[PDB]
Amino acid sequence: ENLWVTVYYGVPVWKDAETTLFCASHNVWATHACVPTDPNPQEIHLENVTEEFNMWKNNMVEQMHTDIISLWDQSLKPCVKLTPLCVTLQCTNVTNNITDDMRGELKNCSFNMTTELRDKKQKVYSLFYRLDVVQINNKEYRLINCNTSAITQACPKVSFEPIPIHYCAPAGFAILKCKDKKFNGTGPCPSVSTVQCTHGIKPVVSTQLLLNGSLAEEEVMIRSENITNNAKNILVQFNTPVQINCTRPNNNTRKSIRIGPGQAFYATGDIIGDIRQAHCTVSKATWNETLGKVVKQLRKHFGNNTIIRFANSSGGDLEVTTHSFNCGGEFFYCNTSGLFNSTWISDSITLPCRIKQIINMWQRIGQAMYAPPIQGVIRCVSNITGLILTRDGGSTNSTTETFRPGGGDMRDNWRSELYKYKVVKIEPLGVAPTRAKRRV
Amino acid sequence: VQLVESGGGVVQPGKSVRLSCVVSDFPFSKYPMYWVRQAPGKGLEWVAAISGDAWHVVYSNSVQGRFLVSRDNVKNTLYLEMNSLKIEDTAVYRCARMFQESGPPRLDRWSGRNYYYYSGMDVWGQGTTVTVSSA
Amino acid sequence: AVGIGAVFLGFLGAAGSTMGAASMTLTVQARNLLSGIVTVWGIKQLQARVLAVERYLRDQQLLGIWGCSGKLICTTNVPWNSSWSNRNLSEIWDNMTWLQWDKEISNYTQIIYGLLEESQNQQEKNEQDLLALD
Amino acid sequence: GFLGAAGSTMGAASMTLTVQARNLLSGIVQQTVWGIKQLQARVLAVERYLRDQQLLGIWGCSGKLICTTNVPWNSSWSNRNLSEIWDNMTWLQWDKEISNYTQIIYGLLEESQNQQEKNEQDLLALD
Amino acid sequence: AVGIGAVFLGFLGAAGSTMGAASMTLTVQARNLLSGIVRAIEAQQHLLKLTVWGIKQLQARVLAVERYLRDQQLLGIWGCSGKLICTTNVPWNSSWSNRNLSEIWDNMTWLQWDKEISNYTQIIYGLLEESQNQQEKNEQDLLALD
Amino acid sequence: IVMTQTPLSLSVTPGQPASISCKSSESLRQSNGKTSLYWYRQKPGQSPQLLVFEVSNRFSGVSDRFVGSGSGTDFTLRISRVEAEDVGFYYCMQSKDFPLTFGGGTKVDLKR
Ligand SMILES: *[C@@H]1O[C@H](CO[C@@H]2O[C@@H](C)[C@@H](O)[C@@H](O)[C@@H]2O)[C@@H](O[C@@H]2O[C@H](CO)[C@@H](O[C@@H]3O[C@H](CO[C@H]4O[C@H](CO)[C@@H](O)[C@H](O)[C@@H]4O[C@@H]4O[C@H](CO)[C@@H](O)[C@H](O)[C@H]4NC(C)=O)[C@@H](O)[C@H](O[C@H]4O[C@H](CO)[C@@H](O[C@@H]5O[C@H](CO)[C@@H](O)[C@H](O)[C@H]5NC(C)=O)[C@H](O)[C@@H]4O[C@@H]4O[C@H](CO)[C@@H](O[C@@H]5O[C@H](CO)[C@H](O)[C@H](O)[C@H]5O)[C@H](O)[C@H]4NC(C)=O)[C@@H]3O)[C@H](O)[C@H]2NC(C)=O)[C@H](O)[C@H]1NC(C)=O
Ligand SMILES: *[C@@H]1O[C@H](CO[C@@H]2O[C@@H](C)[C@@H](O)[C@@H](O)[C@@H]2O)[C@@H](O[C@@H]2O[C@H](CO)[C@@H](O[C@@H]3O[C@H](CO[C@H]4O[C@H](CO[C@@H]5O[C@H](CO)[C@@H](O[C@@H]6O[C@H](CO)[C@H](O)[C@H](O)[C@H]6O)[C@H](O)[C@H]5NC(C)=O)[C@@H](O)[C@H](O)[C@@H]4O[C@@H]4O[C@H](CO)[C@@H](O[C@@H]5O[C@H](CO)[C@H](O)[C@H](O)[C@H]5O)[C@H](O)[C@H]4NC(C)=O)[C@@H](O)[C@H](O[C@H]4O[C@H](CO)[C@@H](O)[C@H](O)[C@@H]4O)[C@@H]3O)[C@H](O)[C@H]2NC(C)=O)[C@H](O)[C@H]1NC(C)=O
Ligand SMILES: *[C@@H]1O[C@H](CO)[C@@H](O[C@@H]2O[C@H](CO)[C@@H](O[C@@H]3O[C@H](CO[C@H]4O[C@H](CO)[C@@H](O)[C@H](O)[C@@H]4O)[C@@H](O)[C@H](O[C@H]4O[C@H](CO)[C@@H](O)[C@H](O)[C@@H]4O[C@H]4O[C@H](CO)[C@@H](O)[C@H](O)[C@@H]4O)[C@@H]3O)[C@H](O)[C@H]2NC(C)=O)[C@H](O)[C@H]1NC(C)=O
Ligand SMILES: *[C@@H]1O[C@H](CO)[C@@H](O[C@@H]2O[C@H](CO)[C@@H](O[C@@H]3O[C@H](CO)[C@@H](O)[C@H](O)[C@@H]3O)[C@H](O)[C@H]2NC(C)=O)[C@H](O)[C@H]1NC(C)=O
Ligand SMILES: *[C@@H]1O[C@H](CO)[C@@H](O[C@@H]2O[C@H](CO)[C@@H](O)[C@H](O)[C@H]2NC(C)=O)[C@H](O)[C@H]1NC(C)=O
Ligand SMILES: *[C@@H]1O[C@H](CO)[C@@H](O[C@@H]2O[C@H](CO)[C@@H](O)[C@H](O)[C@H]2NC(C)=O)[C@H](O)[C@H]1NC(C)=O
Ligand SMILES: *[C@@H]1O[C@H](CO)[C@@H](O[C@@H]2O[C@H](CO)[C@@H](O)[C@H](O)[C@H]2NC(C)=O)[C@H](O)[C@H]1NC(C)=O
Ligand SMILES: *[C@@H]1O[C@H](CO)[C@@H](O[C@@H]2O[C@H](CO)[C@@H](O)[C@H](O)[C@H]2NC(C)=O)[C@H](O)[C@H]1NC(C)=O
Ligand SMILES: *[C@@H]1O[C@H](CO)[C@@H](O[C@@H]2O[C@H](CO)[C@@H](O)[C@H](O)[C@H]2NC(C)=O)[C@H](O)[C@H]1NC(C)=O
Ligand SMILES: *[C@@H]1O[C@H](CO)[C@@H](O)[C@H](O)[C@H]1NC(C)=O
Ligand SMILES: *[C@@H]1O[C@H](CO)[C@@H](O)[C@H](O)[C@H]1NC(C)=O
Ligand SMILES: *[C@@H]1O[C@H](CO)[C@@H](O)[C@H](O)[C@H]1NC(C)=O
Ligand SMILES: *[C@@H]1O[C@H](CO)[C@@H](O)[C@H](O)[C@H]1NC(C)=O
Ligand SMILES: *[C@@H]1O[C@H](CO)[C@@H](O)[C@H](O)[C@H]1NC(C)=O
Ligand SMILES: *[C@@H]1O[C@H](CO)[C@@H](O)[C@H](O)[C@H]1NC(C)=O
Ligand SMILES: *[C@@H]1O[C@H](CO)[C@@H](O)[C@H](O)[C@H]1NC(C)=O
Ligand SMILES: *[C@@H]1O[C@H](CO)[C@@H](O)[C@H](O)[C@H]1NC(C)=O
Ligand SMILES: *[C@@H]1O[C@H](CO)[C@@H](O)[C@H](O)[C@H]1NC(C)=O
Ligand SMILES: *[C@@H]1O[C@H](CO)[C@@H](O)[C@H](O)[C@H]1NC(C)=O
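Residue numbers (our numbering), protein chains in the order written: chain A, 1 to 440; chain B, 441 to 575; chain C, 576 to 709; chain D, 710 to 836; chain E, 837 to 982; chain F, 983 to 1094.
Just so you know, not all the hints are guaranteed correct.
Restraint-style ranges between C-beta atoms, simulated for each label pair [said to hold, decoys possible]:
#1 D:719 - B:448: 50 to 60 Å
#2 D:719 - A:188: 50 to 60 Å
#3 B:528 - F:1003: 26 to 36 Å
Quick list of in silico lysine to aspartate or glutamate cross-link-like pairs, EDC-like style, CA-CA up to 20 Å [as the list claims (entries may be wrong)]:
#4 C:646 - D:831
#5 D:805 - B:541
#6 A:15 - C:704
#7 D:773 - E:965
#8 A:425 - C:679
#9 D:773 - E:975
#10 A:356 - A:401
#11 A:157 - A:330
Hints in this document: simulated from the structure, not taken from any laboratory.
C-beta: ideal position from N, C-alpha, C; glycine also.
Let the hints inform the model, and build the full structure from the sequences given.
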């Protein structure tokens, strides 16, 4: 058994680690200049590979979250601080040629404010939403954030239209990808291929549905962490997308008022004609067929003859109640109690929406942004790919399953696209015995 | 420059022919060639295209399973074959040339995979037409 | 407006093959260790490039201290100790991939490194200067 | 000299490249806003030198500066006769005559390096 | 419940020893030019992007890499790359000392020898570079007659 | 990948500028750094002749009335000094991906 050892080099050995990403390819989503490249990263398919994956463990989601918060902070630096706004507001109601359902929203208020001269004042009046002003004690009301953190403005030269982003890996490392189209979030995958960069990812923000997202390969699938638990959000991924119109029928104006040395402010002008109500409109029967396919997959894991039902929202905060989205560079909050009203045993739909101006953040009370009122008429068409579901408990003899909306944090939204990828550290070195021997 | 499109005729369905296309006045080993198609009273249609060094070939969405094209660099002569014909395949068949001079292939050092590069055309010849008929 | 003309092996294509056969594609990995370039973003670019430099220099130093530097695979004079595995020479080379062998021996690494360093120093260099004089 | 063999024929500047080689065996020897640039400059220098040393070290040519190998030269890349090259052409002209086939030449050298030199060496080691 | 056991040479294990015997721990001594912390540093490697402090860590790492490159490159200029030791062809100048070898190799240590010979430095570097140049390529060009 | 002509056809008169569009269905920014839109015209009973390549770059040996325009969203054309020799069919052509596609048809004539 005269045996000696070889020392090989460049053997294909995997490990696991956490590392730093790598971007690829006036707006402040990406850059004007991220990395120029040969933008066709060729997929490389393997042989005889079975690899364990995992979900709800992704470092990449956390890196994406930190990077997007960092870029969003990078945006709001050079703009204008809005400190002289916390004043008293003498107000009056809006009357002229108004639809009676829109009574209460708009308010005509006026106040005093300084100009670029530090020695005089002026008289400034504009138009505000109901959901942004709060009563102090005619209608002497104060601004909704003046009890708390200060208020800023966004610079008007920057749009909010998202652009796809390709992540890539640094050298010495690699990314893998599951070719099995029937992969629930955890467990092994039997068909693995590698890429040097990923597909395009649109960082799109919404609460309850999913917009402009990816499809599924085959059918409707259902993703959650612990389905035996009732304290887990459930991911929905459709097979066929559904169109949606959402638009602002009103027709907008905007003034521009100097407030300080090198500082100006954007106030709202007047509106031609009527005062209407923004809303959304979808199909009807495709919704019914979609929920039929959903409950077909739902009976595969719960009691099939257990009653499958939908509830409304269970209340709580205004944020997770409505449906946030960003059509036209503006933020719409939609009263969506209509779509979740059905029971199940074993063409146009109207949904009114509301708009805010002072916009919190992901989950921070340290900032406040005031978007300028966009002049004109805004229309938006988008797709719908996914949904977010919750579930109660109390297993009282397996009856009456009722579901509700959800969708708190955006990390679930960024696992919705990133449910496949995994990062691998490469070990080139390695040894093995042999029958040879070094010679003098 | 000299470029002819020979080969008119008329046939019933179920035949097999051979087509020719004579070139001159360019260094033939460098260029790619196409095959376009013009229906009577209609617009244009792309069919097939051979590589520069005569090793790569693509077809249209229709005849994948019918045709065959080959290049003779020695005689500077194109040979096309169209088999198992249909009467509704009657159109104008032309033998035209890409404008831009392509070059050598590229070999990436990432899983090899030699790549080629194409672009559109500049020169069309006169043309020819074979009407696949019945009687 | 492209075509595909594949000739050579894939990057890590041979990973699902057997060790004695997949030993012949070792070039491609070291061919593809230090490329990919072929505000905050440039910061993490330089971060990544520095990390790649550090790992490559670490492994070349580990090559250089041994007497198996510069070239590819080589030999030594350390006889095998059977306290680590006890196969009969066919089950490894014909019946085992690389991830399997890596999970088999991932506790004995540092001892093998140290003993190769020991035999590389001892009786090789002082012995050389013994041979460099009558 | 530092790049002294510029306006010469390849066959003409074929003997005194060793003095060039010793003179090109230097660069780090004989030693805020701007410091960021200095850091990036050092990074670029390190990356280029390591690129060159890697590409030397993969082949069998990583000792001396000229060497031989086991690849027959294919006539598809060029077609010029030998004296025509060595007595009637500079380096830049040869560069523009070869700068499309370079990667294939690299890959052929790599495969010639791996095959029939190490596993063949491994079979030669067994007595 | 942690118990310790068998031993090895170790880091700096022969700095107070006889040079002829201490000449054999060069491996473990020379391993740690690029390490010494061979441990979850990667998280602070990641998130220190918006400060001067990770910039200074970057300074430190790049400087250490350059020092290793300076040493290995200067050895690479001589024809002794990829080795631990090498003999050469410069005859020793006996002006520099006339001690017998039996005192240096038996009753002298390294820092003593450092404090002894610390002025003859660049002369030795130049002579080694000369013999690695003169007839190491010139007569090697004359040895290239095949 | 599909592509449409915009508008269909038009009868024109001399002493007038011209502009003919061709709406894309994608954006074809090549990795070489441009977009693959070519124009070429034919005449009845005759062969086509190349109009303009490189989006905005007149072909060799062509009068100065012919240039190109547009980016990956949609494209146009630019012809001044309408002359009776400038009649026939004008086609826009994709040369990015297989299979290729073509412009439909632009009937161009005088006015009676
Ligand atoms: C290598 O590779 C490369 C590439 O690759 C690269 O790199 C690598 C690395 C990788 O990466 C890849 O990827 C890349 O890509 C190559 O390159 C190549 O080259 C070539 C050359 O050979 C070329 O080709 C050319 O092309 C042209 C066009 O294009 C150009 O232009 C444009 C504008 O200007 C631009 O854009 C472009 O770019 C180009 O440019 C250029 O580019 C380049 C590149 O980079 C650079 O470098 C430069 O610099 C530039 N320049 C400038 C100035 O800009 C075309 O056009 C051409 O064609 C033409 O020409 C030819 C020559 O001359 C001709 O032929 C002729 O013909 C005649 C007849 O008779 C005869 O006589 C003679 O003999 C001949 N010759 C010969 C030689 O053959 C042809 O034909 C043409 O001509 C023309 O034709 C026409 C027809 O039509 C005509 O027209 C006419 O006219 C008349 C009067 O006028 C009437 O009007 C009629 O109607 C019409 O039609 C005309 O006339 C003519 N002309 C005259 C003058 O006459 C050429 O071909 C290409 O391009 C390239 N590529 C690319 C991609 O680009 C290379 O090669 C390789 N290799 C090495 C070694 O290096
Ligand atoms: C030096 O150098 C040179 C050069 O190189 C080059 O360059 C460089 C720069 C680079 O780039 C590289 O890469 C290159 O290569 C060299 O040369 C070379 O060599 C080699 C060898 O040596 C070669 O290889 C070869 O290959 C071949 C190919 O083949 C193809 O084809 C075939 C068929 O054939 C055909 O047939 C037909 C019937 O007859 C015909 O037709 C006809 O024709 C006539 C005349 O022409 C007349 O016209 C009549 O009329 C008609 O009908 C034709 O023509 C022909 N063609 C030809 C071309 O020939 C087949 O079978 C095969 O398979 C192939 O195929 C192909 O494939 C490809 C690939 O796959 C394909 O592609 C495709 O595509 C699609 C679309 O996209 C997709 O992509 C897919 O995926 C793909 O796949 C195509 O399509 C096809 N085509 C056809 C047509 O088919 C082969 O074959 C061969 O093999 C052979 O032999 C063997 C022996 O063992 C046997 O086994 C087999 O079986 C066979 O037989 C070989 O492999 C190459 O090629 C060359 N190149 C060139 C360019 O050419 C040299 O070598 C150097 N030197 C040294 C010393 O080395
Ligand atoms: C899911 O994904 C879909 C697909 O992208 C996405 O839909 C797209 O949404 C965007 C956002 O609204 C739409 O883009 C806008 O389109 C309007 C309409 O103009 C187009 O159509 C007219 C038709 O007559 C054409 O004439 C015109 O040229 C356009 O092609 C534009 O008006 C918008 O442009 C304004 O915003 C830009 C960004 O700031 C400005 O750069 C631009 O100049 C315009 O702003 C100007 O407004 C004032 C008027 O000129 C001026 O005074 C200002 O100073 C300022 O300059 C914008 O391009 C796009 O059409 C949608 N696409 C489809 C297919 O529906 C969804 O939005 C997405 N989902 C979510 C939630 O985002
Ligand atoms: C818009 O949001 C409301 C908020 O819950 C949805 O519920 C509707 O709320 C109104 C109150 O403005 C209800 O009208 C009356 O409410 C009182 C107290 O809530 C009660 O006595 C009765 O419910 C009475 O009808 C209305 O009924 C209620 N409707 C439902 C279905 O809950 C409303 O549905 C949302 N609309 C849309 C289109 O999303
Ligand atoms: C804006 O400035 C005016 C100017 O002083 C202030 O309103 C005055 O209030 C005092 C005290 O009640 C009265 O005596 C004056 O007659 C008011 N003048 C006017 C023009 O209203 C106050 O600081 C601000 N008023 C409002 C409505 O914002
Ligand atoms: C700052 O003031 C606002 C009111 O302007 C406070 O909002 C209160 O919100 C609760 C709901 O949680 C209501 O029940 C109260 O009626 C609101 N207050 C008033 C005066 O209407 C807000 O909580 C205050 N925050 C802090 C930190 O003081
Ligand atoms: C309502 O919308 C129309 C068009 O969408 C606006 O009409 C513009 O009006 C200005 C001045 O009144 C003109 O200079 C433009 O040429 C008009 N554009 C068009 C397309 O007709 C109108 O101003 C809008 N009204 C409000 C209050 O926003
Ligand atoms: C979701 O729907 C339910 C039921 O339609 C709404 O519940 C209302 O709750 C209040 C207070 O508990 C009752 O006074 C109302 O009578 C209920 N409505 C009805 C029609 O009975 C709930 O408000 C809806 N939530 C949202 C956000 O739309
Ligand atoms: C050893 O080094 C000494 C000092 O560098 C050399 O002494 C010099 O010798 C030359 C002639 O050999 C004289 O011209 C110099 O004046 C001497 N230097 C001094 C400071 O006086 C000595 O030659 C060297 N020995 C060998 C063998 O190289
Ligand atoms: C997907 O869900 C099923 C049912 O809950 C369960 O097996 C597991 O969570 C996932 N599947 C696999 C194979 O791991
Ligand atoms: C999570 O899953 C386990 C195993 O199915 C189950 O016992 C437990 O009740 C679940 N729910 C939790 C921990 O809330
Ligand atoms: C949305 O509105 C536009 C304009 O009326 C229309 O073309 C489109 O079909 C609408 N979509 C739906 C789903 O109603
Ligand atoms: C429910 O019923 C369907 C058919 O009625 C059957 O295929 C399925 O196995 C049943 N599932 C359960 C959980 O009872
Ligand atoms: C909600 O459902 C109830 C019964 O299921 C029905 O009476 C009511 O009209 C529904 N409301 C909407 C908005 O669909
Ligand atoms: C290895 O040797 C043992 C005894 O020496 C024998 O029993 C066994 O079958 C052998 N296995 C192989 C794979 O040769
Ligand atoms: C060799 O070169 C001469 C000129 O130096 C040329 O005439 C001859 O054709 C060449 N022959 C070959 C075989 O390349
Ligand atoms: C000095 O070190 C040597 C070996 O390192 C040892 O033998 C000797 O005892 C030490 N000296 C003293 C005084 O301990
Ligand atoms: C070296 O040893 C010889 C032999 O005994 C002696 O003559 C000489 O003086 C010694 N020199 C020194 C420096 O010890
Ligand atoms: C060193 O040790 C040797 C032998 O013990 C002795 O002869 C010599 O004098 C010592 N050196 C000194 C400086 O004492």
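Consistency of the hints with the structure:
1. At about 56 Å, the CB distance of residue 719 of chain D to residue 448 of chain B agrees with the hint of 50 to 60 Å.
2. Separation of residue 719 of chain D from residue 188 of chain A is about 59 Å and conforms to the stated range, judged on CB atoms against 50 to 60 Å.
3. Distance hint check: the CB atoms of residue 528 of chain B and residue 1003 of chain F are about 32 Å apart, consistent with the given range 26 to 36 Å.
4. A hinted pair counts as satisfied when its Cα atoms are at most 20 Å apart, and residue 646 of chain C with residue 831 of chain D qualifies at roughly 13 Å.
5. Taking the CA atoms of residue 805 of chain D and residue 541 of chain B, the gap is about 17 Å. The hint holds against a cut of 20 Å.
6. With a CA separation close to 43 Å, the supplied pair residue 15 of chain A and residue 704 of chain C exceeds the 20 Å bound.
7. The suggested pairing of residue 773 of chain D with residue 965 of chain E holds, with an alpha-carbon distance near 17 Å, which does not exceed 20 Å.
8. Note on residue 425 of chain A and residue 679 of chain C: the hinted pairing holds, with a Cα-Cα distance of about 19 Å set against a maximum of 20 Å.
9. This hinted pair checks out: residue 773 of chain D and residue 975 of chain E have alpha carbons roughly 15 Å apart, not beyond 20 Å.
10. With a CA separation close to 34 Å, the supplied pair residue 356 of chain A and residue 401 of chain A exceeds the 20 Å bound.
11. For the hint pairing residue 157 of chain A with residue 330 of chain A, the CA-to-CA distance comes to about 14 Å; that is within 20 Å, so the pair holds.
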